[PDB]
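The chain below stands alone and is given as structure tokens, in the form deposited in one PDB entry.
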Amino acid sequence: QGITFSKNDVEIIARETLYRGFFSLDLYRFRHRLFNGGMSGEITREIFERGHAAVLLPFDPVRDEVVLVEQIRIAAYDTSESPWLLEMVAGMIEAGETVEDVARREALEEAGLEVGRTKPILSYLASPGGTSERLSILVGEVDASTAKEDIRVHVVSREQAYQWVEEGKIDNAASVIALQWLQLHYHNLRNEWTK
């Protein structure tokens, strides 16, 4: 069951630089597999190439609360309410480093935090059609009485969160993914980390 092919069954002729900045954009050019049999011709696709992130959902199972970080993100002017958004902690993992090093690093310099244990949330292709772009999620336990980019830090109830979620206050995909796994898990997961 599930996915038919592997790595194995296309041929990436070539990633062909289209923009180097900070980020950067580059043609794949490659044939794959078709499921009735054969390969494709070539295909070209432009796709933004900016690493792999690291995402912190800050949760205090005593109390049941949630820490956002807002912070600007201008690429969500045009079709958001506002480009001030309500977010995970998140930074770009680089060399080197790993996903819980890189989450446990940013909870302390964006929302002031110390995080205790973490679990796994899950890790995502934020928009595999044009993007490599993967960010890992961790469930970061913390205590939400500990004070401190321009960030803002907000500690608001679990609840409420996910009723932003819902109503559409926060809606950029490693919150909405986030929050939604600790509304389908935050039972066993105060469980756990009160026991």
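Residue numbers count along the first chain shown, from 1. The term rigid core refers to the most C-alpha atoms you can superpose between the two forms while keeping them within 1.5 Å. First, how it differs from the form deposited in another entry.
Just one of the listed positions, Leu27, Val62, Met39, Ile43, moves its Cα by at least 2 Å between the two forms when the rigid core is held fixed, and it is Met39.
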The other form holds:
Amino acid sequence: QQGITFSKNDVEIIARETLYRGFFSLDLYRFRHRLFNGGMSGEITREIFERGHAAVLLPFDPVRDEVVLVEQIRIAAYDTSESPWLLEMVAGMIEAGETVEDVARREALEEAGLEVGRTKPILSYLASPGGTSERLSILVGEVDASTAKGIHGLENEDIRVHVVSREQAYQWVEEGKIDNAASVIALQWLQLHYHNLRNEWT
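Having looked at the form deposited in one PDB entry, could you now put up the form deposited in another entry?
A lone chain is what you will see next.
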């Protein structure tokens, strides 16, 4: 019984309340939960940043062993980063009735001008589950990186396409030049799986 965790039957959600509602929401969860030493906690409250969930596309060209990155400003990066312009994966929020794949394919075209061939799921992760419910689901998508260039984006969206070798992109993760979770996770996954992925797609 390694890694067996407590379950949803060990927590009682008492109420969910909305503290702020705008573009996103801030909710308050009130709950009680089982303690590892036995028995139950008192009522606990936690603030939860509720912004829905997102799809992420790692655009990989298996013939060229290249990745397509998109550069855009993320103002929230400002206070802790050298620059708020980040090198990132194609990504977008998911709405009702849409799939991860729908969003990934649409954003690849809107954000990078890319048609996508085959896709494969990589990983789905919680961005920061002590304070936000956000989950992101990553796919790898087959692209022609020789086509990828220019300035894209809609609505105050200004995006520059960069094409780099896989090895260079991964080194940029190691060095801290790429340092947003979605790109780090996707490019680490690629560094662990590129051999078989290139074989599969050629």
